[PDB]
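For reference, the structure discussed in these notes is given below.
In this view, the complex is presented without one of its protein chains, the others remaining in place.
Chain IDs A, B and C follow the sequence of writing; residue 1 opens each chain.
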Amino acid sequence: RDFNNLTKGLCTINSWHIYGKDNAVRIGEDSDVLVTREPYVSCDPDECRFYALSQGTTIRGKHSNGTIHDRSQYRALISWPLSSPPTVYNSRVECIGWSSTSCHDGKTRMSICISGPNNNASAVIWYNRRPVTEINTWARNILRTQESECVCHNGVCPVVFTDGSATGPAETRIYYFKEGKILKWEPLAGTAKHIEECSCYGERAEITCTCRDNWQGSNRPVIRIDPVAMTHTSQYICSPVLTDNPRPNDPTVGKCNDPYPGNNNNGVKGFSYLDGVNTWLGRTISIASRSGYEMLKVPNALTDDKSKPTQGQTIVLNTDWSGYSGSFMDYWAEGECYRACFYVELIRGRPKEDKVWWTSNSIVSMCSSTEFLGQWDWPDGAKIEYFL
Amino acid sequence: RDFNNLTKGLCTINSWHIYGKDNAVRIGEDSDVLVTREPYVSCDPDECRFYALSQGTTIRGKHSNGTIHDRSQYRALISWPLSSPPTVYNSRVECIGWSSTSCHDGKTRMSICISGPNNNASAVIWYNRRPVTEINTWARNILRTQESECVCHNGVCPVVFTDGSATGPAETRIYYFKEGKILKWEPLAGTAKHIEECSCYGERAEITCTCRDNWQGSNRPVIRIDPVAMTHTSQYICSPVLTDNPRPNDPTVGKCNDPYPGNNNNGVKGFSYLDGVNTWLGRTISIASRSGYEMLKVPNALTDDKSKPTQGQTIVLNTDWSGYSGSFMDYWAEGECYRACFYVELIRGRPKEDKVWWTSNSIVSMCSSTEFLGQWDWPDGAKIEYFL
Amino acid sequence: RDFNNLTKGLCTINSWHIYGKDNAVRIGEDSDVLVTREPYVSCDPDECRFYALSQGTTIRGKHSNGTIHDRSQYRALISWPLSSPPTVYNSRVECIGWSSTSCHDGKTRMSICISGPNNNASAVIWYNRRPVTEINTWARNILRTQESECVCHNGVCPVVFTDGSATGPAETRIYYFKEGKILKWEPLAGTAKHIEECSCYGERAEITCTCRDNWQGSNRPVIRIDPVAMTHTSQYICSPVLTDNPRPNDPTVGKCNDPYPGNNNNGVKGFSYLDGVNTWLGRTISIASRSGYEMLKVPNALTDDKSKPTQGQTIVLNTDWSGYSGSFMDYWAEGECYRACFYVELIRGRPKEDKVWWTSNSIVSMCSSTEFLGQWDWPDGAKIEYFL
Partner (left out) sequence: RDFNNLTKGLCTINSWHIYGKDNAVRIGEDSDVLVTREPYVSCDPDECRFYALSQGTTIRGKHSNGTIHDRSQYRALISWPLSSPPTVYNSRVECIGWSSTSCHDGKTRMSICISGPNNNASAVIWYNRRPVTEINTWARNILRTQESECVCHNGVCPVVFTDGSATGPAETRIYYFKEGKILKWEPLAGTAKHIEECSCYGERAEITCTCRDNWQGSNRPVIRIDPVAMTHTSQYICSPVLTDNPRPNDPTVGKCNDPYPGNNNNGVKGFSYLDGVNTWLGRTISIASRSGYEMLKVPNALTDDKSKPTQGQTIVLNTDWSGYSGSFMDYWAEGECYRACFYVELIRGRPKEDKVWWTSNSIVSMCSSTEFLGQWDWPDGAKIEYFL
């Protein structure tokens, strides 16, 4: 109809209720489920769906052997109905590639897939299910993007890309698209020293992205975008409650404009909702691996370098595998506020469970409640022994 | 369009004709069918569909092992086309949880799923396929609901919940929702001493619920709701024709305001249509187990403590497994009256058939006819030996 | 929109072109295809689909054992997209039963399924996917119907039923339905001595049904219905070109008002287009079994007791299995005439191929062409050896 505009502020997050779970690996043990990774969730005005990067094979299929690898010519961005598994028969391919992002602007959806060899990748921007624009690699080193939904405001949908080293300074760009066409792009500015896989959400005409400093920081970089001025800023979450993984143990004081040191060249896609006292951070429980997952209310986390948790909710037990996590919201729901939501990628298989030769995941997602709900843990649920 | 209003009275029930049957277990022996239980049927203005609680695995899948258990993080309310089986590819997830209810109000559908650990469950109310409201456990003991469709009148859709012990007094509440939001709630009142899994239907602006007194009664409690005054009453079916299971043998006189004694701490979801002489009761044939199923016309069953059958129809032979049963009607059919309908859950597997490690079911449903139709029996039809 | 009216006459049939073929048994050897029999084809104003009586199991499933049997509680009328196979995932159940008919009246579709034990069957008439009317058995001996589409004119859709013996005189009725409700019914009149499974089509406000005299005749009985006067007549095809199976060898003169003798208590559903010189008859090639299939132009077959073929087209080789055949037309196509069409049921399995324990079929259908097209043969194509 008309372009959606980020006119509301976030609803108060007093707890998280279960939104969707596909139990993909469990079901896929005996049905035609595609092997995936890098999942996310994204809504259209009339439907919300699960998204992911398929590996172009079923989990039980012999081609599942080797799916720990990230970039092949057999991958594609696919979407399928909420809480269903990604099956060969219900999955819709949005585009071909090994890194992607996608968002609805109110009138139609923009999907971006990047493919190619390491030194010659290219992104192709699809709008209304048609290819519209193409961007060639600018640093010739794995052009890559969000791995979660982008956000739009009055037709403008910014997207963060990175090209170059994942363990050194790199060339990150913020592209402002409208109807799949480039209105403008900027180089990253601010104090964030390295950006990877931004998780974004919008409220009151401002887009907030919590990303991954794969180089030096265990605290997360944050990119705030103004989609009207088409300008942005960058810093890190000030809080000592560190949210990347692997990471050092929490200090008593964090860093606002520098990576918090202790772990180099590694990390995990993650997210947060930075909204004053209504601030919640997600993180794996383990400081060593993609294990467990929790949400912690850390009032003023973004700007208070001594902020510590005031409330919390466990999402996945430390005795269960987790993985990527990101933000999305249903900008087309009824009400006066935007209900914050997120998903956690529950990775199964390699490298942690090497008795099988594949790597895949299932998805669990929650949204906020103004009630103070009791908590449960949501593991993948599959028994690897069954796949042997 | 506009909210549906219960303006008609029931059609005269002279017999029952076959409405739907999915033969799920038979078909699922060699196809991707989800393991389920707690099924029901519910209509939208333009389509009627089967519903159930999936176990997040196929019947032939190795994860089918253990599905006798009720509450796990892998369950979800799913719906699928009438008479089809619940397959991995045609099932639509309505919400995540291990207890549910669902009903269309004329404009859109409300679905409710409850999940969580025993002492910290929470219900989330979805309306128009979006989460709208959340209710936390109030007695910290398996918050649970109908397991069959709710009914709406002018936007108001009451739903009965119970929280606390299943073998003692508990805290039952009647919630009146409108567009997924709570208008009001009451504590249970009347003479029913314990309520579990209410089966409901509406006619002439009154909602009638036949439930399960899991504590002491073998006669069924009944809750009549006024969705306009948003008030209700409760009693038991007076009739000596006892309809819970397990149960004592029928007496010559029943009880109107107390549980009929003889069997404690057990029962089965069941239903009835209480309409003066046009009164029909459903029950398992066996007084000992979920075996067989029949419909008996017991004129004035609700109010006549000596009412006995005047006509009957066998639905399932006592030599075949049955299970849950409940009411639903197509409030959007043509005509001057509401045609009463019901479904019977045909449970296969554990605990009665322990040669297999799973527990599932298929569905059979009938609706009333003003004709006096010949009868047939409708078993599940699967040969367990095939699954060995 | 508006009720369709049979306003056109038939197109000139100069040959038959291929319309649809699902290769169900071939494909089903390694995919989830339901076991069926008694198929047909029927169109809606915007789509034409395949129909059949499912056996409630896949062909490879263990429950396929025993599907030679006709009437069980696991059967249902299902429809699915033209030329696709009847799979567990794309088949739509129209109603539950072991005998059926179905037709679109222009506004919506009426489907009829009969179920029950031999002495207590009942038909339930569905209209707009809702049960509307029910008819109880009148002779208490396998109430049964067409097994192919009915035809409508200005809302009136006649359907022929038979109840009683299949090897003696029986009680056949012509029901005139409108919006699923009974407007009127008649007992069969005319000279046809026994009616079974009528194949019908309409043109210029007249409905012609070619049926099966299972009792004594090897020539086919014909029922012509006036859907406006709601009256009918009956006779046999006069032609010596006999079209039932099994049958005697063709004589030089046929019978117009009596069964042509030679074979008792057996037959096969078949059809014909009786239109003066534009008259074509279908029949199995073998006079002994459901083997092969051909179309023969026999000008004035209905009224000329010495009519013999003037042209022909082989549909299936005598070295391939055939079975049921019936008529249907797309009353909603463009043009000035109705293009005659038909399907042939290609039965595989029992009783002729008893190395397997199942019985199923695939479908092939042709429509007429005013061109004189070359011919090909269309067998089922599956290798039974593969199923062993």
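Worth a mention:
The definition used in the following text is that a contact is a pair of C-beta atoms (placed from the backbone, for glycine too) under 8 Å apart; a residue touches a chain by one contact, two chains touch by 3 or more.
Among the displayed chains, contact with the absent chain in the complete complex occurs for A, C.
Taking the complete complex into account, A:121 is the one of A:121, A:295, A:296 or A:302 that touches the chain left out. Of the candidate positions C:18, C:189 or C:253, contact with the hidden chain is made by C:18. Of the listed residues A:9, A:56 or A:309, the one in contact with the hidden chain in the full complex is A:56. Think of the hidden chain as still there; on chain C it touches residues 17-21, 23, 26-27, 29-33, 47-48, 81-85, 87, 89-90, 330, 333-334, 339, 367, 369, 371-379, 381-383, 386. Residues 32, 34, 56-58, 60-63, 72-74, 76, 88-89, 91-93, 95-97, 113, 115-117, 119-122, 124, 128-132, 134-137, 179 are the ones on chain A that touch the missing chain.
In the analysis below, only the chains that are shown with their structure count from here on.
Note on chain placement: the centre of chain A and the centre of chain C lie 57 Å apart, centres being C-alpha means. Among the residues of chain C, those touching two or more other chains are numbered 89.
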